[PDB]
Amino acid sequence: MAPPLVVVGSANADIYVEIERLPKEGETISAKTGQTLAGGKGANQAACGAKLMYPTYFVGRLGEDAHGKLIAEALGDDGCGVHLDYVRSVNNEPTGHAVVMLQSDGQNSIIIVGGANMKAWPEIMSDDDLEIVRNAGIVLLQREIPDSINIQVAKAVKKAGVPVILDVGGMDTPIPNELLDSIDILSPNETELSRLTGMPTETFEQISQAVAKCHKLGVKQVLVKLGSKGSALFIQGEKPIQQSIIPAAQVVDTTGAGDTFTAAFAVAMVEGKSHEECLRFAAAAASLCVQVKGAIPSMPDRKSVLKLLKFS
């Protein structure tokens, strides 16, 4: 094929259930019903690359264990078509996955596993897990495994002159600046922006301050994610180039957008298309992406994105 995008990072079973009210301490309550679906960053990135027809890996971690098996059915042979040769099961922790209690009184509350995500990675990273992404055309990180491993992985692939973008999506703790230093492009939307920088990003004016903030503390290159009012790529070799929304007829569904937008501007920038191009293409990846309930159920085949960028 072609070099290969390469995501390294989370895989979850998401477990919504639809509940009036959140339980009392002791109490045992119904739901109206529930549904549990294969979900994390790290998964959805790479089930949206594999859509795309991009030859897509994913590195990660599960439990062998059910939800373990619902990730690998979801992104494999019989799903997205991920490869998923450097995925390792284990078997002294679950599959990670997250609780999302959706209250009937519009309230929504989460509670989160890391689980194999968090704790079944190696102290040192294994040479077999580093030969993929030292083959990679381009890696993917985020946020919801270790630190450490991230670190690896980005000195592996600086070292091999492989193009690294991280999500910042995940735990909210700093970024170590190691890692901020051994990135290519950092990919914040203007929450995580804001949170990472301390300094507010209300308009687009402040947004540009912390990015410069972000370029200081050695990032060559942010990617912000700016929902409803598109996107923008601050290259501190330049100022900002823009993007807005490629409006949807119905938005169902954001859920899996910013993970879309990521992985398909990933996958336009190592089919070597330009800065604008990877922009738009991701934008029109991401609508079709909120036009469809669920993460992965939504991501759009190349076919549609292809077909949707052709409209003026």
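Rigid core here is just the name for the largest C-alpha set that superposes within 1.5 Å across the two forms. Numbering follows the first chain given and starts at 1. Compared with the form deposited in another entry:
- Superposing the two forms on their core leaves just one of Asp77, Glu178, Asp127, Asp105 with a Cα displacement of at least 2 Å between these two forms, namely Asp105.
- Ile29 shows a C-alpha shift of 2 Å or greater between these two forms [criterion: core-superposed Cα displacement of 2 Å].
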Given for the second form:
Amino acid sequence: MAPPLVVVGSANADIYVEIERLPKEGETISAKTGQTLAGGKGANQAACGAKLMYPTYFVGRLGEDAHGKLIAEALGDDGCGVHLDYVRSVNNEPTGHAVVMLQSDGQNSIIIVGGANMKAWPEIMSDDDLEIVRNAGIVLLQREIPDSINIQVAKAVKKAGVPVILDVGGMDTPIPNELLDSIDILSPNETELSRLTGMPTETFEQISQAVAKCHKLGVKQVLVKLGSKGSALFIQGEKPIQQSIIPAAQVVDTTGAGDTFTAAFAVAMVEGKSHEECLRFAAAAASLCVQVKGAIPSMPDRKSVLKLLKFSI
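The form deposited in another entry is what I need now, so please give it after the form deposited in one PDB entry.
Here you get just the chain by itself.
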């Protein structure tokens, strides 16, 4: 086959509940409604690539439970078409999940259980496992699995010569410099970029400043996601490429948009498109993503993204 998109990272059951207010301590309240959906930044990114019709493998750890089966079904042959050969399930850990509480004011609130995502990985990565990443055309990581696993994967691709992208989404902890040294593209949003470098990110000069610091952490390319403000690709020693959002007819649900943007950029990149085309393609995929409820259900197919591109730029 063509050199595959290989995603190593998390899979979550997202437990959404609609409440009026957050419950007080010791207090029992009722929710209006609820929904449980397949998610996790890793599974999201893999679903995205598969829907865009690029050969995609997901490397992850699931529990042997209902939440785990939910994931496999959404991603697999009856869903997005992700190759699940390297997903392993354990019986001593639960599939990771997130209780997402949508209050009536408009904000969100999240409790995350690491589960298999954080606990079912081996101390040392098997060669059998590392062979898929060694055959990748491009590798995507996030920060919802252990740093140790991320580092071992990145290093295994370094000694293989193929792009490794690290989405900063996930844990709010500082990134191991050992990890930064081993990736090709860093991909943060505004807060993550700010939190990471400590520097303000309210303005483009400020953002460029924060990126300059990323360059000094050893990262040659930074793909900054600015939400409504668009995106930019910074390549050390070159002029930044900026891309505004592709406006959506209706913003229904932004869940998974960051994941969509990153995975679509990766597909465009591994297909050999120019950096400008990559940013445009990613922006169009993200634009479609936000018009449908749910992360994985909202992943657009390639022809829709290309159609939006034709008529938006």
